[PDB]
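Enquirer: Take a look at the letters that make up each chain.
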Amino acid sequence: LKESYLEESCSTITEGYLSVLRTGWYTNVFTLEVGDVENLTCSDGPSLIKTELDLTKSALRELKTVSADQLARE
Amino acid sequence: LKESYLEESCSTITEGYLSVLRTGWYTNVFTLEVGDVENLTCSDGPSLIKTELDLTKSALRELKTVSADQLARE
Amino acid sequence: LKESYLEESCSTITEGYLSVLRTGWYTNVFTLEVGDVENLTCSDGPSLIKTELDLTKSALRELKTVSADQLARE
Amino acid sequence: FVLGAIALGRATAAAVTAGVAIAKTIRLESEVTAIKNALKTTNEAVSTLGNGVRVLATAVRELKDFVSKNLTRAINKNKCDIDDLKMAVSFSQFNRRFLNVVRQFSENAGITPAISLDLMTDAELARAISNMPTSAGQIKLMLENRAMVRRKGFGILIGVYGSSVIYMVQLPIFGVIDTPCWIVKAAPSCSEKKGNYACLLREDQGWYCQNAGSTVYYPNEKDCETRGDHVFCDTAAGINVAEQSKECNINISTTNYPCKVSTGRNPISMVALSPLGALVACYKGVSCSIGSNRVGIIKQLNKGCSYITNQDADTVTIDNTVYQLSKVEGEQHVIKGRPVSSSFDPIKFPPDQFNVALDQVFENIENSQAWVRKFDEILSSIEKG
Amino acid sequence: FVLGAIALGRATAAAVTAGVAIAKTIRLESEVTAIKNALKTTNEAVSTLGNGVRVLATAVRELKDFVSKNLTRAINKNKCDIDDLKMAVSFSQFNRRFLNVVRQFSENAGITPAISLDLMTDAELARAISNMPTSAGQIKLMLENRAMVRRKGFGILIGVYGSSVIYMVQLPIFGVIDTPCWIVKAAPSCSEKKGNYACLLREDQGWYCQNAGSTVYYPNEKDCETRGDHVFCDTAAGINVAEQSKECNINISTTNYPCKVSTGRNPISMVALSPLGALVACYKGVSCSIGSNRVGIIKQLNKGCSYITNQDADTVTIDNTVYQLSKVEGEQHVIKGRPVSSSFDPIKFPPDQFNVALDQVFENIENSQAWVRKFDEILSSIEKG
Amino acid sequence: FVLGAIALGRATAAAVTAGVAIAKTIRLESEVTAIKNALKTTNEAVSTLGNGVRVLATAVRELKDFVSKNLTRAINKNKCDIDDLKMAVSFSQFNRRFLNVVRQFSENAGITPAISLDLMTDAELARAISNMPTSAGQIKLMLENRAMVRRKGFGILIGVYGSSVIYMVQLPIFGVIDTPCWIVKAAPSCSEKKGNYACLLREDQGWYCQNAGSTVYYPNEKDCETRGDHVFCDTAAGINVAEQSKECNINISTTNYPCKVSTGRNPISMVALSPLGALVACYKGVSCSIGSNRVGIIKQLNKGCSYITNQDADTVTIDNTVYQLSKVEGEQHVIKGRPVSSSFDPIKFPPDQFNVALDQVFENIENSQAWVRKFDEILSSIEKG
Ligand SMILES: *[C@@H]1O[C@H](CO)[C@@H](O[C@@H]2O[C@H](CO)[C@@H](O[C@@H]3O[C@H](CO)[C@@H](O)[C@H](O)[C@@H]3O)[C@H](O)[C@H]2NC(C)=O)[C@H](O)[C@H]1NC(C)=O
Ligand SMILES: *[C@@H]1O[C@H](CO)[C@@H](O[C@@H]2O[C@H](CO)[C@@H](O[C@@H]3O[C@H](CO)[C@@H](O)[C@H](O)[C@@H]3O)[C@H](O)[C@H]2NC(C)=O)[C@H](O)[C@H]1NC(C)=O
Ligand SMILES: *[C@@H]1O[C@H](CO)[C@@H](O[C@@H]2O[C@H](CO)[C@@H](O[C@@H]3O[C@H](CO)[C@@H](O)[C@H](O)[C@@H]3O)[C@H](O)[C@H]2NC(C)=O)[C@H](O)[C@H]1NC(C)=O
Ligand SMILES: *[C@@H]1O[C@H](CO)[C@@H](O[C@@H]2O[C@H](CO)[C@@H](O)[C@H](O)[C@H]2NC(C)=O)[C@H](O)[C@H]1NC(C)=O
Ligand SMILES: *[C@@H]1O[C@H](CO)[C@@H](O[C@@H]2O[C@H](CO)[C@@H](O)[C@H](O)[C@H]2NC(C)=O)[C@H](O)[C@H]1NC(C)=O
Ligand SMILES: *[C@@H]1O[C@H](CO)[C@@H](O[C@@H]2O[C@H](CO)[C@@H](O)[C@H](O)[C@H]2NC(C)=O)[C@H](O)[C@H]1NC(C)=O
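Sequences listed follow chains W, X, L, V, A and R, in order.
Just so you know, the first sequence maps onto residues 1 to 74 in our numbering.
Just so you know, the second sequence maps onto residues 1001 to 1074 in our numbering.
Just so you know, the third sequence maps onto residues 2001 to 2074 in our numbering.
Just so you know, the fourth sequence maps onto residues 3001 to 3385 in our numbering.
Just so you know, the fifth sequence maps onto residues 4001 to 4385 in our numbering.
Just so you know, the sixth sequence maps onto residues 5001 to 5385 in our numbering.
Keep in mind the hints are simulated off the structure, nothing from the lab.
Some hints could be false.
[Unchecked claim] Simulated restraints, written as ranges between beta carbons of each label pair:
hint : chain 1 : residue 1 : chain 2 : residue 2 : range
1    : A       : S4381     : V       : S3245     : 46 to 54 Å
2    : R       : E5192     : A       : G4228     : 42 to 50 Å
3    : R       : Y5161     : V       : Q3205     : 34 to 42 Å
4    : R       : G5385     : V       : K3348     : 29 to 37 Å
5    : A       : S4253     : R       : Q5104     : 53 to 61 Å
6    : V       : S3245     : A       : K4303     : 18 to 26 Å
Heads up, the beta-carbon is just placed ideally off N, CA and C, and yes, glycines get one too.
Isolated chain W (complex conformation):
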């Protein structure tokens, strides 16, 4: 780089950089498939697969009240 001290105004200017400027946007569209977890049910009581299955189902159910820009009220 290279720096000058300008006395007349008490300032300083540094030159020698290079620029990397943004000029647009690019869009990638994903599709995170899940499967048929709505027709799987459990009847034996507490276990590990039951807990994981309930977590997955609850996540799918709660993702349907979130909107980017619109009010779901209607």
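For this one, chain W is given, so just place chains X, L, V, A and R with the ligands on it according to the hints.
Expert: What follows is chains X, L, V, A and R with the ligands alone, placed relative to chain W:
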């Protein structure tokens, strides 16, 4: 919506929105219980339950030096 | 504390606090060691150990394109 | 005064002050014993504090039950190297929530800036909203939009009282809905007479609202946020303005309200995007054009300021740049007139000003002219008279 | 000179610049060879760099020990489909910290703005504080409030040298404690004569500190933060002010210091909450009142400015709004006087100003009638003299 | 016009406006059926929307293959208490990406402000960059610095269309590289004559850039970020300035451009760190000195401004405070002259100004002198003449 281009002052005014204003706060108080993890010890060596139990005890012992007000200098 | 209401200028002043000022920085240097996870292979197909091993190898290979304050050319 | 700086700090400082002021009451050993005596048989009860406020108390007992029933019977000889592998995979599923609360209050030093899914899950966010003290019209609106109520809370740590972490969560109440709003945008307005310029700019840009006959003005645009048509404002960051302050959109020069402007003597070229279009100010040095996503360039604009409907163009260019117009359906109107800054003289225009009423840029010109006219009469009567 | 804009960026810019200036030294191959030779036989050792600065080096060997002894003894024939199920579950506990550091540096581009529990755990945060180069009474204060030392640090990535991630953590040293402070709050003060107003407002608000005889002034209140009585400031964001800058709080009108004010001609109505109360400014078109939490409305205020002790009320209302006061114990006072704005004729008030000394407003008005009376005397002596 | 405030909000507002105007097209039922018909065979295909824009579609099918093949065959009698322990652990590894997307879109109300490793991993970030519509020289720069392309994106949620989450990720295109830049810094420049002062300060501080023959100016320093020599600017937050604006760095005094300044009458003492040194202003009340890491205090500075090369010092002290210089390597030059502030009379200096061109401070002083001479000539001519 409806936008007017005010020419005299070089500005615009957009009408037709609806407001949703905050007017107060509501307080919910929780109580996250942990049981008696302070009375369980381990006397074999490395395992899985021992690692989990040590994490839980350490978390309790750590949380008791965090204050949201009134520095604990005493 | 102690608060005065300065009537002449319509303001207030609250005295009685105490200060805790920062006067420097202290530096700690860590060395997180991973071992020889670049020489171990899997040849049976899917399994739990293979998934964990792939995750660790990929993490090492990804952390070599990040630079704190320099760029990469040539 | 500059209204944009009298605000800027009121919204966050009023929210934290009202939160610590009520954790100071729940932290007494007299109130903690009263809360835990309501939850001795149930899991949710509505309790009144010592200073007349009402709260909602709820208890979490998923980890205490496992440690009391399942974990303790297996560990009887202090020999926790049992070959079960179900008591060691279960016990790492039950304390993920406990080990995440301890992680958020310990890095934020006791106050977190947002509600995560560990402090308050989603099934416990639709039980607080069903209980708030407001009408049934507002409660129903808040239940289909729960993600915008979690967005404006925060949590505070009360303590570890024995073996049970206690904390509290603040949530907003949206008590007034469906009341008119609007928004104002601006750009410089310059003129030339033989190479000298005479700029001008408006300074009352932002959101306004009505509320039972009283207008409010939200100057800092980090406070309000639209989702569709609705606007989510915070009432503690506005400034009550007079009802006449909508005459600056009809007659800015001949009115009598003090309409704020900023002036200058050098052009600026910019693009100020509005909700249904854009305002493009192109002056002596810059070249502008508009385009489309398919058919490239359309035409070249002229000097002066112009309004570009978002049905004519998709991109607007300032000498090298591309701006994307917003695609929202609406109506567009044009209100004719002759710009204010064409009535000034570029010579004898006053120096640069920052948030001064437009009644005073006309006085400053008049006062300086009166002395010149007065001074020429006195000279004549000395000898000519 | 607007002191609020000269600051605003100094504290953050001077903290990154001092952190990258020493990562540029450890990043060499001479130092990294020298650091890892202090850690071949112990898990922590204090080392001195090449430019004279001392650091603390600490090593982590939980994942390397598992991989070397346990894992690389069942994966023999490249067969990882073994039916142990305990190695495959132990392996996912040991590398949980390694994969969480790699995520924090890879998303923040190499510099993270806070010290998560994965970079520096709580047992290693109390071994750094016990080593800092400061007195014995400052160390004791920091050790019980570690959550406020973690809150002001950051991390930087040094490299990946072989198979070992290296990084560094910057921590603050709180070297000066227990030195007086105070805070100043303000609101507009207006007058009225036959419908004309003459406003005024102070502009020297924020925190002041003493330190061995020299006062400092922190204008942007994002710098400082209180916990109880103590105030946690950052010395790189203040501006030294003269000793007699405290004469603005005793006799504002007639000192020799330049007290800074902003004037106007249009009233503003607002509430400016203070640590032990609130200042309510109610003017022509607004209605205010105060109340409690149990009962409700208590009394209604008058036009002008007034001081509402927090032992009188719990809410303050501006025409539709409610502000909850802060419950903090203390002792209040009132200092009599005649407001400065009562001294100005509402006519012949100067235009809107922005951070000018109060001596210049009085000089601006006087300079104006100096010329009018000068002209009136010359006017008579010509024709009549 | 205050150029630093006309900006400040355009960079983030113009990015979200373009993000939501393209989600409004993919959210139709006509386009989602068309996207999901491209990925019926492969896992990536470049598709064109209905308004001409091209997107890249990628599919994630790791969880759906587990539930279809491995899982819904071990659950036949609606019994989930099996003695397997390999499905119970495998199925907790496959749904950890799915459960971390739902956590980020649900706490950020549907628009996250940064790309995490859970939305877009690292092998799907180097497949986007390989496709961007730009030249080959720019692609090679982005593929080696992928961490600085992730740093400026965001995500937006499209919906749950049956049993599959759909979202979108916006990435920046760095289409112009290797064009000159520079930076400007400043500090107060005071004078004195028998106890009175006459300050002055520049107000054009920030980053400038050529771009194919057109200078730009980025006034808010949150917009640009250096890594070595390259600086990563955003072209939507800058203001086109005339080509003569670089004349302010050769003679601010007698030029023809309008150089911006701010004046005063009371000294300020501060240190303004610059990339290869520091600028130290020491005035009537402050004591300044410099030093080094190894040997301590080296010398004490004089009154006024001075430039401290980072090859001469390591720390600079303002009356109690230590600032750490930066150790970048470069050159230095000093350009002699007599300060502008020495040309003013400390008495008869204009009142405090805020962002006025230096051309007007000399015009303000010259106008006032002329009236005194004009009025004086009358007084002599009405009696003596
Ligand atoms: C911790 O221990 C308790 C008891 O020691 C476990 O509770 C046991 O699990 C379930 C839940 O009540 C019960 O399962 C039974 O299943 C048959 C299937 O037909 C059904 O007929 C029964 O009515 C019952 O649902 C079991 O009886 C129950 N044991 C007792 C004594 O109540 C609990 O599962 C353990 N915790 C974990 C995490 O496993
Ligand atoms: C990885 O392999 C090593 C050996 O190659 C295993 O070392 C085990 O370490 C523990 C403690 O470090 C020891 O078992 C028991 O230790 C206690 C206390 O140290 C002692 O009182 C007992 O008599 C017994 O030695 C022992 O060194 C070794 N265990 C053996 C050989 O059974 C290590 O356990 C393995 N990793 C894991 C995660 O298990
Ligand atoms: C879920 O899907 C199927 C269950 O139907 C599992 O596929 C099984 O795993 C692998 C992949 O094809 C095969 O392993 C075999 O290993 C021998 C070792 O020499 C090799 O010679 C074979 O070519 C093959 O790779 C196995 O045969 C295959 N089974 C079938 C019926 O295709 C898959 O592993 C399951 N994933 C789980 C349970 O996580
Ligand atoms: C769960 O099972 C039900 C039926 O048991 C599925 O509903 C049917 O889905 C098929 C497509 O595979 C349609 O042709 C039928 O019309 C559906 N029947 C009804 C009554 O709606 C359902 O799709 C399954 N769930 C999932 C996620 O696939
Ligand atoms: C751990 O167990 C000990 C007993 O070994 C508990 O100590 C006693 O707890 C009972 C409560 O059931 C008290 O009534 C006794 O007074 C306690 N004894 C002493 C000497 O203090 C201890 O409370 C248990 N720990 C926890 C966290 O419950
Ligand atoms: C993986 O194993 C190879 C050997 O098969 C290692 O390569 C050699 O490692 C020794 C030390 O163990 C060095 O002294 C040699 O110079 C290495 N030779 C080459 C050609 O590299 C390799 O280091 C191992 N990988 C890791 C990550 O440890």
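Enquirer: With reference to the structure, classify each hint as holding or not holding.
Expert: Verification of the hints:
The supplied range of 46 to 54 Å is met by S4381 (chain A) and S3245 (chain V), whose beta-carbon atoms lie about 50 Å from each other. Remark: the range hint 42 to 50 Å for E5192 (chain R) to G4228 (chain A) is upheld by a beta-carbon distance near 45 Å. A beta carbon spacing of about 39 Å between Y5161 (chain R) and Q3205 (chain V) agrees with the range 34 to 42 Å that was offered as a hint. Between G5385 (chain R) and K3348 (chain V) the C-beta distance comes to about 31 Å, which sits within the given range of 29 to 37 Å.
Here the CB-CB span from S4253 (chain A) to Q5104 (chain R) is close to 57 Å, well matched to the stated 53 to 61 Å. In this structure, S3245 (chain V) and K4303 (chain A) meet the distance hint of 18 to 26 Å, their C-beta atoms being roughly 21 Å apart.
In this structure, none of the earlier numbered hints is contradicted; all agree with it.
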